[PDB]
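Visitor: One letter stands for each residue in the lines below.
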Amino acid sequence: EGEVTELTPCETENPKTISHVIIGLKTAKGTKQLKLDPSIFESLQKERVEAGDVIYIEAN
Amino acid sequence: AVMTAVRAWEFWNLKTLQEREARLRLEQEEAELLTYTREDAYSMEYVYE
Amino acid sequence: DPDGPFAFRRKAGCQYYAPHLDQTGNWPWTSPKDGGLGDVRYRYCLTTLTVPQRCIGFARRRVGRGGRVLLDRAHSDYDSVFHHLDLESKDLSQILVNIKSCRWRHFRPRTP
Amino acid sequence: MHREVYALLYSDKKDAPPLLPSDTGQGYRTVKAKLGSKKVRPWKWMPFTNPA
Amino acid sequence: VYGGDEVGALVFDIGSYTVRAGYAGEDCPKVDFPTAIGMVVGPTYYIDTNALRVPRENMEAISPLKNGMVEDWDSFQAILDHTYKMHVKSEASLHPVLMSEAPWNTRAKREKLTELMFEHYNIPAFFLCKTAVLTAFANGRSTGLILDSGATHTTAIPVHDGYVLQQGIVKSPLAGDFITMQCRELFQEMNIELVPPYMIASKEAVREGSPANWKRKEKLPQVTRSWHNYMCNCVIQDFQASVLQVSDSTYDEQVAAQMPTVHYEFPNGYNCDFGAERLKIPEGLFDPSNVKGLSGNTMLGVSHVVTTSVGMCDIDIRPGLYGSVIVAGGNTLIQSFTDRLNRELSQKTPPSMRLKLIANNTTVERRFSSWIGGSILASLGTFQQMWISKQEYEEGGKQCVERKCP
Ligand SMILES: Nc1ncnc2c1ncn2[C@@H]1O[C@H](COP(=O)(O)OP(=O)(O)OP(=O)(O)O)[C@@H](O)[C@H]1O
Ligand SMILES: [Mg+2]
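Chains as they are written, first to last, in the entry's author numbering: chain G, 132 to 146, 152 to 196; chain A, 2188 to 2236; chain C, 397 to 484, 511 to 534; chain N, 53 to 104; chain M, 5 to 45, 65 to 429.
Hints are computed from structural coordinates only; laboratory data are not their basis.
Do not take every clue at face value.
Below, computed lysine to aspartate or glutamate pairings styled on EDC-like, alpha-carbon distance capped at 20 Å [what the hints assert, rightly or not]: (1) M:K112 / M:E94; (2) A:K2202 / G:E142; (3) N:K66 / A:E2219; (4) N:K66 / A:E2216; (5) M:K379 / N:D75; (6) N:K65 / M:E241; (7) G:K168 / G:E144.
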């Protein structure tokens, strides 16, 4: 969980193709970048997550 | 071609993530904090129980 | 008799300071574990800030030249653990046990 | 490990820098109104008598 | 009551190697130009690096300081004028001046310096503090043993409560000049022709030990032997800084030979590996009995100078002296000098007293420690009572310095 600071997709050549979705999360303790599975892009737009939005992501 | 490209890409990704971790390590070797808020400096008293 | 050459003889209206025997003396700005006076103005203790809400590690409040109150910081090998430390694996477990027993003085800011 | 640290000038060459207090740390824009609402008091280069 | 007050005072630290000057409150001297100045037969004076490094006919290289004390007051006035006009860019009568002085400065020289500063420069206030006291203050220590190894002398000065214990001062002639002489002798033994960089028009890369393939500058004017010697001393000091290293323990030929060599390239393109000879030279500071100069001499090693200086003080203060050893001076920057000194002192210090060397092994903290302490002292609000005012110099006369400045 944390405040979203970036939602930059990671473009790549397929062996536009994305291989990861980097989400930056900020908390009062600090900031962390997560190399999430690309499929999470559907849920991000479904939830309308934007920079400066507080979110939480369950591991499972 | 897919069989060869998949392995070549997996290696490229391993290399790219290692370079990213190295860049993060370099960024963390740099000083993290140099300033703190005015409220913490004067508007509060530090206590311990 | 053996002491006689340098024997101690109290005199009326006099007071004396006992010599250091158990531990060699040290400067006031040094820990009592190192024979120092351990003067509290030079002591560095774990400190937590309000922004960011993270423990910065060992720190001491010092007034600067223009009256600006500065937080000096001391390096420690466990600095990463102190960064992770808040709200009270082997080294982390020992540190947590020491803090929960309040063996370490860890300051937190509060409004007056 | 050490419970507390003692030093005069600084503890070690690897010591982290001291944290100086400052406003505008979170950006100038957020503190624009606070800084703009006031005006600084005048400072002078003036002679002073030292009774010592 | 509050933080120390800054009254815009100046801090001057005129050493035999470089003249350090600046404004009080700063953490570093704003200027440090070589003390040696060019003189043309008052005589025309060339003082700063920009003027010293260009050849001139019938220009001699001289220094106002002798044995750590000013001898030629004309060159001293010239250096002060140059410092003011070029670097300070402020009127002397507007800023108080705090100057350092040698621990062994004479009364008459102090009086003459005070007279000069007040009559000639018309300064508003003056103060004269010892280099050892300023070095101790720069480290936040009110007491301790200062160990200064400059260009002229290696001196240990015991300081207690901010006062120099003059009876405990022990001085040795082994200093930067001795190391320069040793390097000169080594180059002479190796038949290395010291070509100053001003004589080199162009140079070509050559193999190790190969004869130098360099072109001499044309239309070069005749230069005095003093200026040529000064340039040679400059290149030798560069060699000292770049190559020389103090052995971590008592010098051994086998251990020195086993360690890797260091390669140095001279200005004329000549290059060679200095092998173990780079280690033998700094050992003379620690074991002078082995120096080719005079084996039977009475000079004392730096560690012996340290132990002797403390031994002359009250035993009640020796715990403070050993508990705070402050190393200063440019000659102490030689590699591993601090480590070797610490080892030798720990071996020679009594186990009943704690020995601690302050970790100040950096060029700025070692060379400018006196200036740093002077800036600190001049910036203290409590120090504003110590200033010698012009009115005080008028009423108490030239002798007033004897009582106001301890
Ligand atoms: N990094 C270095 N390595 C070796 N020697 C050095 C280094 N830096 C400076 N020196 C030498 O230090 C010597 C003394 O310089 P320093 O600035 O300490 O003298 P000073 O205090 O002005 O003079 P003095 O005490 O002789 O009156 C010089 O001869 C210089 O060549
Ligand atoms: Mg010196």
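Visitor: Determine for every hint whether it applies to the structure shown.
Guide: For each hint, the structure was consulted:
About 26 Å separates the Cα atoms of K112 (chain M) and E94 (chain M), which puts this hinted pair outside 20 Å; it is violated. Our distance criterion of 20 Å between C-alpha atoms is met by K2202 (chain A) and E142 (chain G), whose separation comes to about 16 Å. Proximity of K66 (chain N) to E2219 (chain A) is assessed by CA-CA distance (about 14 Å); at most 20 Å being required, the pair is judged to hold. For the hint pairing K66 (chain N) with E2216 (chain A), the CA-to-CA distance comes to about 12 Å; that is within 20 Å, so the pair holds.
This hinted pair does not check out: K379 (chain M) and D75 (chain N) have alpha carbons roughly 40 Å apart, beyond 20 Å. Straight-line distance between C-alpha atoms of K65 (chain N) and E241 (chain M) comes to about 50 Å, which puts the hinted pair past the 20 Å bound. A distance of roughly 26 Å separates the Cα atoms of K168 (chain G) and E144 (chain G); the hinted pair therefore is violated under the 20 Å criterion.
In terms of the numbered hints stated before, the structure departs from hints 1, 5, 6 and 7, listed from lowest to highest.
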